[PDB]
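Asker: What follows is the residue order along each chain.
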Amino acid sequence: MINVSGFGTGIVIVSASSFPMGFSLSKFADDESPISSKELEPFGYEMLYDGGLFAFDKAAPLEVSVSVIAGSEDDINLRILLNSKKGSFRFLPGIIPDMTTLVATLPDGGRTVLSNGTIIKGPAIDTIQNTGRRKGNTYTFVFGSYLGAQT
Amino acid sequence: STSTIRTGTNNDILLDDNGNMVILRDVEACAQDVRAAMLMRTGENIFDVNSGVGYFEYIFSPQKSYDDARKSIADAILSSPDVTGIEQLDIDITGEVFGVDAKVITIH
Amino acid sequence: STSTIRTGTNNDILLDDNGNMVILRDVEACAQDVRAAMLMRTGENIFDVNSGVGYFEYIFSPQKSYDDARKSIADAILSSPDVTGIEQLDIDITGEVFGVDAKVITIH
Amino acid sequence: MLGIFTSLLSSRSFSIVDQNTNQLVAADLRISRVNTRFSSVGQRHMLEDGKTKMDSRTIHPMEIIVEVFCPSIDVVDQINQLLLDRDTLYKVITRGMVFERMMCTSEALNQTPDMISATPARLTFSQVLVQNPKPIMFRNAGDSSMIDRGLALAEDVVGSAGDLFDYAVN
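Chains as they are written, first to last, in the deposited numbering: chain P, 1 to 151; chain K, 2 to 109; chain J, 2 to 109; chain T, 2 to 171.
Rather than coming from a laboratory, the hints here were simulated on the basis of the structure.
It is possible that part of the hints are untrue.
What the hints assert, rightly or not - Have a look at the derived ranges for each label pair, beta carbon to beta carbon:
id, chain 1, residue 1, chain 2, residue 2, range
1, P, 41, T, 6, 37 to 45 angstroms
2, K, 44, T, 45, 21 to 29 angstroms
3, P, 41, K, 89, 24 to 32 angstroms
4, J, 63, P, 53, 37 to 45 angstroms
5, P, 41, J, 29, 48 to 56 angstroms
6, P, 151, J, 102, 52 to 60 angstroms
7, K, 12, T, 6, 25 to 33 angstroms
8, J, 29, T, 89, 22 to 30 angstroms
9, J, 52, T, 6, 29 to 37 angstroms
10, T, 12, J, 61, 32 to 40 angstroms
11, J, 91, T, 8, 35 to 43 angstroms
12, P, 94, J, 26, 34 to 42 angstroms
13, K, 11, J, 19, 55 to 63 angstroms
14, K, 32, T, 3, 23 to 31 angstroms
Unchecked claim - Here are the simulated DSS-like cross-link-like pairs (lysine-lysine), alpha carbons at most 30 angstroms apart as the crow flies:
id, chain 1, residue 1, chain 2, residue 2
15, P, 38, J, 104
16, K, 65, T, 52
17, K, 104, T, 54
18, T, 135, K, 65
19, K, 104, K, 65
20, J, 104, T, 92
21, K, 65, J, 104
22, K, 72, T, 135
23, K, 72, T, 92
Don't be surprised by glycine CBs; every beta carbon is placed ideally from N, CA and C.
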């Protein structure tokens, strides 16, 4: 019996400049997937002219996306993160607001330390569905480090 | 117009019934010349050295690909006069037989 | 055709049994010359200076990238006569060992 | 293509053999495509009446372009040495198609985020045209054809006849 539940998952987002101390996402959305990541592709294959195969490394981003309930404090914080131009901060050899998301998945203790990244896209305004209930807001980040997973 | 002394399978001048030497010409002479030129190991001609088939470095050796063997056989066949080209060539390898078949298109 | 006096692992002139100097030629001479060239620190030639391996600026120093060390070793190997190139140059790093392995393809 | 039944499950396709010393070079290249393009030019000559005589044909040198992946730094350095190697003619055996007297004309290495371990490369060789593709040699050292050197302009020393004598005595 493997417990693959999702209740109790928490996220801590710490940004270099906008949120130096960071905020916490706990109020995840109900209609969209609370966390969704694209299929990572850190390798590639090519065909030799004699039928062989060659394997090499490629550059792979982590396109993560977190969904939150419209109007919540987490949504307000994520919108503040989104509406922060990269041109209004100091340059360091690191990434312009290098924000990291510490993901504590379930009380078992699985900690993911996705870092060296930034937010890419998200909804600026709340969209009202046909049914009359505001749609959950999915904000996408991209990252350049997927290492730090525990248990 | 090729013309060569007639020889048998033992590759010696084999005379006719009247004890004369026959000089084959055109197709028969070209065929005899091709058969003779395909049986000569390289480095046997003191005046060419590089001519001949590589029966010891291109065939009869533990090699990776027999492309060099095919190239050497084709060059040896083309070296004969009035051969122009080769229509078809097999490099078939049986269990222990290096079967070669040619389809010389000599002009005559 | 390179030639060099016989030297031991102490890099000194090693004589033979009859008290003569041995003059190695070709393969062994080139190997000994390459080994001697890889042991010469940069700036040790009054008459070359820029020649020599970077044992104190590329190796033995907190260098970020060992590509410069690889290039210096490659230049030192190629400086010997009749070396042509290097087939393989491994620059493996152990805990505190800078393991270098070469596969010179000297013409001999 | 067919023509040869190797009946062997480990036959190597590509081979760049140094013509002298008969040695493989850059044996770790991962070839991807090979274009062995020939070339020749006609001599179209319009003449009087509506007509054009092509005259004869001159065979321009062969060009061969090899796209490849170099997996290692020593292979890349071997490719650089091939480009910088001005004193040897190579022989390229792609697929049952042997080309002798082949010299590297061009090379382009590409380093991209699409491939961080290996490096794509585009080698280009051109054939060296020779008057006699099949030369005539001789086995023994006595019987060369004579080589002329033309006028020499004999240079000078100061040694006197005494030194030449003493040398001949010794």
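Asker: It remains to establish, for every hint, whether it holds in the given structure.
Answerer: Verification of the hints:
At roughly 41 angstroms, the beta-carbon separation of residue 41 of chain P and residue 6 of chain T lies within the given 37 to 45 angstroms, and the hint holds. Checking the proposed 21 to 29 angstroms range against residue 44 of chain K and residue 45 of chain T shows it is violated: the Cβ atoms sit about 46 angstroms from each other. Separated by about 48 angstroms at the C-beta atoms, residue 41 of chain P and residue 89 of chain K break the suggested range of 24 to 32 angstroms. Here the CB-CB span from residue 63 of chain J to residue 53 of chain P is close to 40 angstroms, well matched to the stated 37 to 45 angstroms.
The given range of 48 to 56 angstroms is respected by residue 41 of chain P and residue 29 of chain J, whose C-beta atoms sit roughly 52 angstroms from each other. For residue 151 of chain P paired with residue 102 of chain J, a C-beta distance near 41 angstroms fails the hint of 52 to 60 angstroms. At roughly 28 angstroms, the beta carbons of residue 12 of chain K and residue 6 of chain T sit within the given window of 25 to 33 angstroms. Judged by the Cβ atoms, the range 22 to 30 angstroms given for residue 29 of chain J and residue 89 of chain T holds: they are separated by roughly 24 angstroms.
For residue 52 of chain J paired with residue 6 of chain T, a C-beta distance near 55 angstroms fails the hint of 29 to 37 angstroms. Between residue 12 of chain T and residue 61 of chain J, the C-beta spacing of about 47 angstroms breaks the proposed range 32 to 40 angstroms. For residue 91 of chain J paired with residue 8 of chain T, a C-beta distance near 37 angstroms keeps the hint of 35 to 43 angstroms intact. For the pair residue 94 of chain P and residue 26 of chain J, the supplied restraint of 34 to 42 angstroms is violated, since their beta-carbon distance comes to about 59 angstroms.
Residue 11 of chain K and residue 19 of chain J have their C-beta atoms about 60 angstroms apart, which keeps the hinted 55 to 63 angstroms range intact. Checked against the hint of 23 to 31 angstroms, the C-beta distance between residue 32 of chain K and residue 3 of chain T comes to roughly 25 angstroms, which is consistent with it. With a CA separation close to 45 angstroms, the supplied pair residue 38 of chain P and residue 104 of chain J exceeds the 30 angstroms bound. At roughly 54 angstroms between alpha-carbon atoms, residue 65 of chain K and residue 52 of chain T are farther apart than 30 angstroms, so this suggested pair is violated.
Pair hint residue 104 of chain K plus residue 54 of chain T does not hold up; C-alpha atoms about 35 angstroms apart against a cutoff of 30 angstroms. With a C-alpha separation of about 26 angstroms, the suggested pairing of residue 135 of chain T with residue 65 of chain K holds against the 30 angstroms cut-off. Between the alpha carbons of residue 104 of chain K and residue 65 of chain K the distance comes to roughly 26 angstroms, so the proposed pair stays at or under 30 angstroms and holds. Of the pairs offered as hints, the one joining residue 104 of chain J and residue 92 of chain T holds, with about 23 angstroms between alpha carbons and a cut-off of 30 angstroms not exceeded.
Proposed proximity of residue 65 of chain K and residue 104 of chain J is supported: the alpha carbons are some 23 angstroms apart, at most 30 angstroms. Between residue 72 of chain K and residue 135 of chain T the alpha-carbon distance is near 14 angstroms, which keeps this suggested pair within the 30 angstroms criterion. About 13 angstroms separates the Cα atoms of residue 72 of chain K and residue 92 of chain T, which keeps this hinted pair within 30 angstroms; it holds.
Of the numbered hints given earlier, the model fails hints 2, 3, 6, 9, 10, 12, 15, 16, 17; all others are met.
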